[PDB]
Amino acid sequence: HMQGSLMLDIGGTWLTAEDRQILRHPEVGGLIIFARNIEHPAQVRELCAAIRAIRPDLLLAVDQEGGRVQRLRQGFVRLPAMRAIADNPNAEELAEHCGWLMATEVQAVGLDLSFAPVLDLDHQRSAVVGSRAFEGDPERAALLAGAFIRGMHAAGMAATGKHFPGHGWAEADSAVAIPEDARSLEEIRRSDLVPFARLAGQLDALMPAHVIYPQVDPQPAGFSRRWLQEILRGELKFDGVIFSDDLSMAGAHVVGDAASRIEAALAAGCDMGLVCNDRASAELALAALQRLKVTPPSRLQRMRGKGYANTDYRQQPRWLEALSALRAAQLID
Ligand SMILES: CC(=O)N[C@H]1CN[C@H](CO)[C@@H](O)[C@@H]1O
């Protein structure tokens, strides 16, 4: 039988009775949290614990990269944007401290993974990449990123590189338009695809971009068996998990109904479909996974973080080194 899984979201600070009923379905493999869910660190710990009271095995995720994408804000250290870490004499050291601190904190409120870091290159072109990108030079970005990942891992967290093959060049937004990248496969392999390649080893999961690369595949990357099977698994040698990008955005609407979107997405090789912000679409997706009788991909458990979810991380020395280290660069407060 086919494999696959599904990442939901809720709309409140605590679980409504529908949220609990739907969490009980095994086809569901994770939940993602946004600003609207997050009130205080304690509140997030309670929410994680209430979710795990129902499904201890569910992956809990957040978009916490620092900079202008940081959901966990009050009670947490404000982590810089990756561009800010880019320009420092010791940016590799500051990147390791960033990833480890970010991940120790995100895990310290009972989450498993963040989707970090962004391996997209800043060409000063895409609206959505902006300061999130580590650099514009592929090898510099990738060295930096790789160190960020070393930190996450040191803290116990599985690292998730987004967005394959690269959102840097497409000058449209994936949430509203359908972004297109007309570059050749060799020009992508030479620029934007470099960090995925270099980090394919050290990455545990990847998220495809909803950009279309018509010189490679007519369909968007997350729907593309050429992008996901031939170039990624067979070529880049990637063995981790493939989280689809959010299937409620416009970059995903090329296929059709949300059930159809998750069919394309898992049939292309994604291990986990992300449906956010629409409960209706998430329930139609879920119906489709029920019908297909999916089983969770075996590798998903590899995303669950190994760090203790307590307040005891403050008394580790690596916490003081990271704090001092980061304060000196003027990244942290
Ligand atoms: C292209 C982009 O920025 N995608 C984001 C959309 N929202 C997802 C769920 O929050 C994120 O994981 C992606 O980074």
The other form holds:
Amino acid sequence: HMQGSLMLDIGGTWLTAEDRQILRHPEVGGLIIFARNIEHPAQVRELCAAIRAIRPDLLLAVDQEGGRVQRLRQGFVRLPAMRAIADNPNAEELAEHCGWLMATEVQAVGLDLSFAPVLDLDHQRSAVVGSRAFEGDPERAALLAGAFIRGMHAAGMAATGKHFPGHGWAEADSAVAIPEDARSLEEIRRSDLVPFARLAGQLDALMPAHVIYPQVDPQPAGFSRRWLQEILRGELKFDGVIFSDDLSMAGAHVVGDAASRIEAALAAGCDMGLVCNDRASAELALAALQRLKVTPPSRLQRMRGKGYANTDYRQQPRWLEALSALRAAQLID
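May I ask for the structure of the form deposited without 2-acetamido-1,2-dideoxynojirmycin (NOK) now, the form deposited with 2-acetamido-1,2-dideoxynojirmycin (NOK) bound having been displayed?
No partners, no molecules, just the chain.
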């Protein structure tokens, strides 16, 4: 039996009858919630509880978009960005507290995971070529995100890096065409690949970039056997979960419908296909998984959170200790 699974999403802040029926299918292994599914923490905890009453084994993920939920949604704990953390004598300690705080609250409301940390690099386009601004400091980026991952795991949450192998140098041409990064493999390996190489042993999952690297392979990372099998699993020895990219973002990347795209993603080596913002496409990908008679990836349940839904997390001593460490470093309040 081929292995594979589908992660999908819903329309609203509660489950419709159609949501409840699609979640029963065992090929569906996950659900991801976005800002439009989120009112406040109490509502999210209850939505997750409703989903687990149908499917206790489902993986429930939140995509926070660099922190949008904590911010357009009153009630979620509020945490410094990594730039603010990097500017401290105890930046690694402070990064751990943030990963711990973020993962503790996310699991408290019933989610398994947040898709974090970002491993992409900021490059200063117009800086002098070869200068530090031009290069983005990948070694420090991996240090801090490695400490952020430590806090995540200490709270019992699996860590997902993105977007492999790094979209920091990608260029878009016509806002519909697929972004490209035309450098050679050796150039990529020495820069945007570095945080992935440094942390591949610690990450539980990776999400591929929606970027073509033409000198390396004609296909986007997440549809590339070369990127996913040769380089990531082979050269980087990565043994965790590969998510696909959003299979319903398909601007000029013509493969066919979501059915033929999830087959392509699974064939390149992804474990779990993501189909967001398109119920009818999610149904098409589901049917494809059914025709292939897939069983879940043996790796999949590694993503399962070890914390648990609770309402008193904000009055636990460890919680107060982490916020008070962020306060003493002038990062909150």
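Here, rigid core means the biggest group of C-alpha atoms that superpose within 1.5 Å across both forms. Residue numbers count along the first chain shown, from 1.
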| item | value |
| --- | --- |
| Core-fitted Cα difference of 2 Å or more between the two forms, single residue among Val106, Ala145, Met152, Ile85 | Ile85 |
| Flag for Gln70, CA shift 2 Å or larger between the two forms after aligning core | yes |
| Residue shift check between the two forms, rigid core fit, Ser131 Cα at least 2 Å | yes |
| Large Cα shift (2 Å or above) at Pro165 between the two forms, core-fitted | no |
